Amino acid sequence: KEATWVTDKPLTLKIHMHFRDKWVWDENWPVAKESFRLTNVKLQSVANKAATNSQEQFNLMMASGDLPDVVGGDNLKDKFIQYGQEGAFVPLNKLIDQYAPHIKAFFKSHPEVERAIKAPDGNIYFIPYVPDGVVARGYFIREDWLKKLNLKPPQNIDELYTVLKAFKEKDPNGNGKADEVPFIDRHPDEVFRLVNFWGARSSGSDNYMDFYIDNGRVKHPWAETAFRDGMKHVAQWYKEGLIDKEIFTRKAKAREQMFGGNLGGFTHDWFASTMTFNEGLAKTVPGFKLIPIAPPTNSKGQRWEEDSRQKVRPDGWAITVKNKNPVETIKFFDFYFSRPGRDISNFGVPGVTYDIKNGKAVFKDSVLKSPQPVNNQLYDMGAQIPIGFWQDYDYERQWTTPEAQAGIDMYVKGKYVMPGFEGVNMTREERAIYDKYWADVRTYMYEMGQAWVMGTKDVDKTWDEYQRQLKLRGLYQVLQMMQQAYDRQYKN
């Protein structure tokens, strides 16, 4: 018997969980075993390990009619809410208020998370994966190059331009060639984020090309005239070779290639992984050193870091109408918002991956020193998976180098990070319009954006037509449904 036991008699629940198009709940997972030991509730996987399309597997199950007790996975928010409104998933509101003290208190102190997951009928149909942490990407620059060229780190957009041209013109790698590529980035979409430097937004959240809220108004950044003026500068920079010619194609290994080759000297990427190149390249590129910098003041006079971590993920789990043990299940869910539950779901298994020290879960050196990334070690154990749980940033702090952490603290202290838009949940009516036109509009914008950057089309010559096409393709109907849903969810 454990102090955390949910039931006096061992309870086995059937769960369908398929996530990341490759994994399913594995009851042989060390964490799954520990979870059962601590709650007296065991999860039995009815999902198909061999299936390679998680979203599809969800549908075949839903159609199947024969439902399990619990359904979990990533990117299921939308489906949880729709199949919840037509009665397949049990509303959790009352269940939480009476049997989940930890979940209850969490929502109480994190109202924004609660709003974000509320279906249009006001019900809560799933417990979400709550991530921890605020800073996402940041700006990094070659300090050794600034060193050679004898320049100080840029404080505003003017100096930034000066510095990047220096990088391309004054041969910092000194191989007597003009082979330097100032801005590189493994995520092509980051090139559009550059418009931030001219007071224009490129997205309302960490998701690329997302809507944002401006004075209670749902808007799309790519449709604003601000974006037009920003793109003009971006296209000029591309024309001058300040931006990687292959920005749209290099992708994934851009850092290894460009940094390893000693060609690039500036990027916008995640703190942890980007800073590791300082160590992994000490050998191959002597003196190589990237430093995080506060975002240079933009033309409007402010420091902008548009990217941030979402406060809630569209992942989690729900209770089906067929679950004959709703209160035991909810108490079980609640365990994952309690410290002991947060411990195993974030750190793994005591004695194996961590140990309690000073009342804190502390990873073993073997775990931190391994070339295998901590996240992957945990996934293989059933930890850091898309069930409904409260993530603990301290697990991440432990494998983030001191230099990266200092950079992150600087961003938090600087208050440059803009709050992201957590999205809205739409009714059938609304969703119908969105699903019919959004994708078309989005791809259209992306194609024009790409052409504008590459100079394939002049922005000023095509802006009026671009605006015309946006209205013609449904932008306005999409926004109206977004606005309607927004007013209902955030203004009621």
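Positions refer to the first chain, counted from 1. Compared with the form deposited in another entry:
- In the two-part rigid motion between the two forms, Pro296 and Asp158 are assigned to the same rigid part, each C-alpha being placed with the superposition that fits it better.
- When the larger rigid part is held fixed by C-alpha fitting, the smaller one turns through 32 degrees between the two forms.
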Given for the second form:
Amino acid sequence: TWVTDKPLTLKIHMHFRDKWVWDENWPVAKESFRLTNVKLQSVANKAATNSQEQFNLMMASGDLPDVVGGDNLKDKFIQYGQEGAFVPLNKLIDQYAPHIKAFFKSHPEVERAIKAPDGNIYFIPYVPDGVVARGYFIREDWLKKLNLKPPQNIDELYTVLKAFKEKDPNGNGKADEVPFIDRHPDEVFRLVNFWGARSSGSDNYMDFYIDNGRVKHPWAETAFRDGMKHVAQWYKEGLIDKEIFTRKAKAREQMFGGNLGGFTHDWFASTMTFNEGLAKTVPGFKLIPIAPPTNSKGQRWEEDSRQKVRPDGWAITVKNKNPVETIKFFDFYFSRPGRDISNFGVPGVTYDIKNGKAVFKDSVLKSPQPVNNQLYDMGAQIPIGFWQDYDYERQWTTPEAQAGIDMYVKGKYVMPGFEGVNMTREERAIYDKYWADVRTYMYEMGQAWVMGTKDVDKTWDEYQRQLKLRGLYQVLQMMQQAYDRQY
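What I would like now is the form deposited in another entry, since the data block earlier showed the form deposited in one PDB entry; can you produce it?
This part shows the chain on its own.
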């Protein structure tokens, strides 16, 4: 699998998920270098805590590396690619990247989704593998202790969460229970689904969506305002983690491991590992998947789904003096041996090739830490350009977790996600000038609403004014225009 005759050292700026950078001595990166003869060296800031700021600051310094990578960079790969900071990959892929060329061959909608208005491919994306993403999970051992049954609608959800709060299910005499926790703060806004309001059109938070041939953004609709009215009341009543916006990554380890949380919306595989992982420290701990409790409008909504392609990956800068070797290095991660390490880690360390496929073995499968959390720490399952393989995830999907997935599929609960729109140069330019600005202001207002710093009703009108003056509806007009060119 070597691509270059002499070892090639490339500078990567890859800051992702507000917590991590590329490591040259990751066991997977050490194995990457070993298989490809291409070494990557991180120039990103270790200690920094905002991946988008780091990309921006890097762009602002004029000092680019050879490779830029990370999560949530699709819009910037496209915008700065058109400006000439990243090179178009079309001819390189066609001539030097066969596995990628074969992937786009059998995945034409992926290649279309990641392209720029000028028709150029400016990064290689992270391609997820799977169907469902998040579901709802509740403490059945608390339900049992309190003599409750799983909630079937929002009315019963409220009653059950109230009981977790008020009737001491951990039995320590203290009102320490925190009914709803989530390691992703944006899930608190997705709670508006339970009153029949969208929070996002996709697995990307605050995403647009299509409603009957009309592009909308969910946080602009009156339905969102009404939903936030109940969400704010829940926060006020202490049903939602007071620290929901600041606890973040390790909220499961903290709130479940400390026997404080009763309820969450998270991924099936990893969340269900905690039953085993906490089996000794919290005797009797048992999370179960439940169907989405029927919302106030009489429907069961699972808004989240696995994406066909995520807005993450890596790109080749103009400064890169070895574009050919780099694109071959990219191609490695769409080949079977690249998929092997990027999904499974290091052979003889986390997996072996058994019957022609990577099979994990048992030190990893039984860790109290979910398998994908272990793989991050060694450089696998990271948002480079690589073709994820659901076989890696099936191997640590417990039977109880699998029964949840099957329930959600059978039940039809998973709403189809927004696949995107193909804008023109002018349309996407308006999108570039306004959306990030609008998205930030939206988040700050909702955090305010959830926490009770501002009232939803009393600020809704001035909110809609800001939406209009900051260009939200002009962005919508341009997306609709591009949607109409497809419909």
